[PDB]
Amino acid sequence: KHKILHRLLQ
Amino acid sequence: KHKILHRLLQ
Amino acid sequence: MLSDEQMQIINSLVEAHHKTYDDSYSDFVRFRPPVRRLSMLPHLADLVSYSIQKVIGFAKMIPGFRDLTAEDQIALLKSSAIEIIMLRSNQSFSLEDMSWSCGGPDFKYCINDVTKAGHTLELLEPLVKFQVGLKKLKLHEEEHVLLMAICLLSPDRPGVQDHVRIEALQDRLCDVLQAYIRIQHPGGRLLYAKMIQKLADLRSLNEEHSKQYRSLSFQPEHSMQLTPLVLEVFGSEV
Amino acid sequence: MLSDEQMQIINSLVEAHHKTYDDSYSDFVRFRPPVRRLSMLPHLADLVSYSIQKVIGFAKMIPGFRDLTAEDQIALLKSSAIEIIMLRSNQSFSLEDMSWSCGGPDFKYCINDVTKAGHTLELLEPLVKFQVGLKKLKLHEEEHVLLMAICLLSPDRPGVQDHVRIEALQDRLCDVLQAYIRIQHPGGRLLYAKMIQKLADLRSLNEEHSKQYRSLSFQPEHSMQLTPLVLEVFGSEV
Ligand SMILES: C=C1/C(=C\C=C2/CCC[C@]3(C)[C@@H](C(CCCC(C)(C)O)CCCC(C)(C)O)CC[C@@H]23)C[C@@H](O)C[C@@H]1O
Ligand SMILES: C=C1/C(=C\C=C2/CCC[C@]3(C)[C@@H](C(CCCC(C)(C)O)CCCC(C)(C)O)CC[C@@H]23)C[C@@H](O)C[C@@H]1O
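If you read the protein sequences in the order shown, they are chains B, B', A and A'. A prime marks a further copy of an entry chain. When we follow the deposited numbering, the leftmost residue of the first sequence carries the number 687, and every step to the right adds one. When we follow the deposited numbering, the leftmost residue of the second sequence carries the number 687, and every step to the right adds one. Under the deposited numbering, the letters of the third sequence match residues 155 to 190, 251 to 452, in that order. Under the deposited numbering, the letters of the fourth sequence match residues 155 to 190, 251 to 452, in that order.
Keep in mind the hints are simulated off the structure, nothing from the lab. A hint or two may mislead.
[What the hints assert, rightly or not] No more than 27 Å apart at the CA atoms, straight line, and that leaves these computed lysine-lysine pairs for DSSO-like:
id	chain 1	residue 1	chain 2	residue 2
1	A	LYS425	A	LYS173
2	B'	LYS689	A	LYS425
3	A'	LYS425	B	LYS689
4	B'	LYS689	A	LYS350
5	A	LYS352	B'	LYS689
6	B'	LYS687	B	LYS687
7	A	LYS352	A	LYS425
[Said to hold, decoys possible] Just the calculated beta-carbon pair ranges, DEER-fashion:
id	chain 1	residue 1	chain 2	residue 2	range
8	A	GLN433	A'	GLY347	37 to 47 Å
9	A	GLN433	A'	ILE325	33 to 43 Å
10	A	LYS350	A'	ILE325	30 to 40 Å
11	A	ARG280	A'	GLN426	33 to 43 Å
12	B	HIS692	A'	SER418	51 to 61 Å
13	A'	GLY347	A	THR329	45 to 55 Å
14	A	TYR264	A'	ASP389	23 to 33 Å
15	A	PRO187	A'	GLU355	47 to 57 Å
16	A'	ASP177	A	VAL346	43 to 53 Å
17	A	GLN433	A'	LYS173	50 to 60 Å
18	A'	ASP177	B	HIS692	43 to 53 Å
19	A'	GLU355	A	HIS172	29 to 39 Å
20	A'	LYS352	A	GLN433	56 to 66 Å
21	A	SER450	A'	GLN267	25 to 35 Å
Just so it is clear, CB atoms sit at the ideal spot from N, CA and C, and this is done for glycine as well.
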């Protein structure tokens, strides 16, 4: 998972 | 999944 | 005239609705406030999430539904939720200003607002059309609550198992609705057929939402604005 | 006296902080409103979720962090997020009334409130103790921002890979902090050691939160109140 974090990390 | 729904359905 | 069992169904549905629908919309102040990149998303996501919980509450009280397998219950909710949302929302809809009036400026929802929640005008149009048409049917509270339960018990839903028992329950409900309009609704020879029609218009609206939502859903910067319940009900995890 | 590279680090951190921390707390009105079964949960969940995004923003600007593997970045964030939250929150903490003062009555957070978000007094106590002690160190903005970056780059975090490079980056930061206090902070011979101490107190607070959160997290009626970002950062999916 970690879709959100990956996105927020650009 | 569907943990929430299962709970809301009592 | 109606029977005792049918009349006991009307009571249960009407009571369930009253118990899960507030005409004063006082709970809306607990949602993340509206803001006119999808600035309405946070607020509408909360409005929808709140409503699911309410549809669940109403559903649990539909005679026969409680006895279905947990899976079928879930299956019916997942596929009809948005449709039930649109149906009950008609109560707040106003032909006067073509909007869902739930409060002052803040809780009055214009077609424009749903756009700031990731929805185009092209598909926002049929919703208004559906709302307007449905409003014009001046349904009695007993017919509005029946139609919602009919919708919910549509055997034609992806994921359903005992579709024969769902089919049967829905038919019992369809009976009460036809009888009721016959006996109690002066001037409604076409009403029934008109109402059944609405169920099909909902199907399209449903399919349309599914696409819009899927897009939104896949962009993490957006799905992070949604709530766990929404993500679950509209999610596609088998 | 400091060098050019070290001084360029101070600037970057101070700027990153200013860019991710509002002393007026004006965004708090966009959160679901507070309510004094875990009535504060909805609001605090939003406060925490908002803060993660801010810690991410600050992190992205820590010299050296951007060059770490996406995985290590994620690994450091997941395990330190709550600690960074507690550190930055000190700015809003008040020894005067033992609370985080962010607004009128609504945004003033008492120990009591965190309880209505599923947290006992037993563990809420050490947090206040940590807040009070840390406040008493009258840190300069340059030391407060350094300590946060130190904390974030702790090589001792479950899930980390290149712990040697994390270890090195953290040491470079620890240098600037020691030098800075030496040159620029009149009267701080013990300060450094005191600050390093705080990092260990955070570890406990962290572990404690993990337990509390796990419990909350496992009850669906509660996790449904949290946000996708919180569920993700504090979630345990490898
Ligand atoms: C909820 C209720 C109310 C209004 C309904 C609305 C107005 C805002 C936008 C909604 C919620 C429509 C949206 C769904 C948006 C959700 C999401 C997750 C952002 O994809 C439309 C999608 C349908 C079309 C066909 C337009 O694409 C469906 C019904 C519309 C208020 C009150 O009556 C309670 C009721 O209970
Ligand atoms: C956020 C910020 C602020 C305050 C911090 C608070 C007050 C409310 C409760 C918090 C958020 C503590 C909570 C975590 C609650 C979250 C959850 C998901 C419900 O488990 C405590 C857990 C720690 C102990 C040890 C008490 O169990 C940690 C820091 C506390 C305001 C502003 O300074 C920005 C800052 O950025």
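Enumerated hints in conflict with the structure, sorted upward: 1, 4, 5, 7, 10, 12, 14, 15, 17, 18, 19, 20
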